[PDB]
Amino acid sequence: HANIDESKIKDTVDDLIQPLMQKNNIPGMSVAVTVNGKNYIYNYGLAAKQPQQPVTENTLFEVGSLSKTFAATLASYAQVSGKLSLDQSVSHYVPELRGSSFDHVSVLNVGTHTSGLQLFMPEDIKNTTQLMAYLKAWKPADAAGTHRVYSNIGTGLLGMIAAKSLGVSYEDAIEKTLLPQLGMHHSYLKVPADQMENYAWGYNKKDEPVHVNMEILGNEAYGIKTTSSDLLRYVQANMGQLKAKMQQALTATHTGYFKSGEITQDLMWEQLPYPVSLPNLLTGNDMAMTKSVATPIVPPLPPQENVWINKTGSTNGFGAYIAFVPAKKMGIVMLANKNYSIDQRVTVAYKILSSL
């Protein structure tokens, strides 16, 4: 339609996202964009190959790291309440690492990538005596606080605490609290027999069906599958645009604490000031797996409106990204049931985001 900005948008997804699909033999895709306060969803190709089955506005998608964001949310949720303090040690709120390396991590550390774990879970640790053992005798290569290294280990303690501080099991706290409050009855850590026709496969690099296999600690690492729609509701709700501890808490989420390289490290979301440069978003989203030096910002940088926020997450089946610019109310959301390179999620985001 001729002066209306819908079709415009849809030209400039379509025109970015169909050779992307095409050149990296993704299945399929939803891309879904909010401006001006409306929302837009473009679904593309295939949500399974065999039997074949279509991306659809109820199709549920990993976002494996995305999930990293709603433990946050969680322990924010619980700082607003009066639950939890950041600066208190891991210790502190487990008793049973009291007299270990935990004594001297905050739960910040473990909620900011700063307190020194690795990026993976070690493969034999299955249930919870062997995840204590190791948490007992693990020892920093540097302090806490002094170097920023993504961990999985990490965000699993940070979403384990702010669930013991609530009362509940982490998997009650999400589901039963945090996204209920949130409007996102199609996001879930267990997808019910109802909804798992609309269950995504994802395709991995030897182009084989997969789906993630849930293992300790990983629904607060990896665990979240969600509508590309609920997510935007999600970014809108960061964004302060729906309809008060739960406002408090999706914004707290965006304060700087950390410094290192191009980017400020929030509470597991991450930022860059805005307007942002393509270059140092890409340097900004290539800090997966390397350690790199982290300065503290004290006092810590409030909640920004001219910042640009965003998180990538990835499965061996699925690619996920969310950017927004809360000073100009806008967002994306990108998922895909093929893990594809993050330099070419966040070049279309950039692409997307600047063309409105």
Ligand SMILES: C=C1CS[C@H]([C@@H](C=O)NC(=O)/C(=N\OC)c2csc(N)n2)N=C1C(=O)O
Given for the second form:
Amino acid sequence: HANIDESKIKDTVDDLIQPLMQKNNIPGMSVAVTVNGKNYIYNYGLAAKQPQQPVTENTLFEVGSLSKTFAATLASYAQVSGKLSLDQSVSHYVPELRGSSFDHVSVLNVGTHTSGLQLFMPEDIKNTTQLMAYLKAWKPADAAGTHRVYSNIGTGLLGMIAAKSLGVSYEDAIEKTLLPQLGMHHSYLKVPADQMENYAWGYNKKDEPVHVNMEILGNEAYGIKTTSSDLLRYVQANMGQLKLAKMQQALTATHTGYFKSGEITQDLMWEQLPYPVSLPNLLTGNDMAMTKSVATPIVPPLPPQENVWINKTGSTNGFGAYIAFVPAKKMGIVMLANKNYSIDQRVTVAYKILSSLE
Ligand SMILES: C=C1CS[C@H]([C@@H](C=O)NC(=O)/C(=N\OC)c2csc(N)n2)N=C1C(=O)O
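Now show me the form deposited with this ligand bound, since the one above was the form solved without this ligand.
Now the complete complex, all chains and molecules, led by this one.
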């Protein structure tokens, strides 16, 4: 249709996503965009190959590390509720760890990847007893607060501590309190039986259909399954666009900037770059998950900003996801795929789509 921005947005998105899917052999994708208070959802391809099922409005994708932002939102909710202080030590809240290295690690450190805990949970830790034994024996290579090391283990502690401060399990905190209050009714840590037909298969590096295996503290770090529509609602909530007072305060406060590292500002799990955004710096800023970098505190912390590009990547064995939004422009994007394809491509496609939107 002529003279309508919807047709123009669909053209932009189609022209980038179809070649992306072709050259990376991605079976199915959903892309959700919000701009000018309006929402646009585009579905491509297959949620499963055999029996084949199309991607639809109801299709659930694994979002991997986007799950970390929900642990951060829970901790922020606990903070604005007066139940959690981010400057206190981890061992203050986890008394089994008193006397260990966690006497000198703050909750803020595990919420900003500055504890020094390693990226991956050790494979042989299966239960709480093994986890605590590992944590009581652990010592960082550098003092907590000096370096940024992206960590699933630190995120796990952030979510565990937040949930306990609210007097519930993490799974209950998310599925009975947080997601319902955000109106995200098709988002789960455990997909129920009536939604299994909507749960896309992921396709791994051998093109085999796979679903994520949930291990200890995995809910916090990589457990969320959701639709692109639900995550677009989350993006709008993070920009204050929805009615839904403590929940809005909690969402906004996760965008507080606590450390600078490389090109990015580390917020509470979210990461942000200056807007207008340099594509080279956006690419550099999204290549920080596996190496150590120097972290410099921002004190007083930088208040939540409008004139920034806020983003998070996530992946599992079978899936690749990305969210970005710019509060000053009330625009955002969610890209979900059932193949894990390189983050530089996710970020470049997102940059091109949001740059087209004014
Ligand atoms: C570089 C990393 C660090 S781990 C981080 C995390 C967040 O999404 N994902 C995982 O830890 C993970 N599985 O957890 C079940 C993962 C990443 S890549 C892959 N084949 N599995 N993801 C990525 C990525 O490529 O996106």
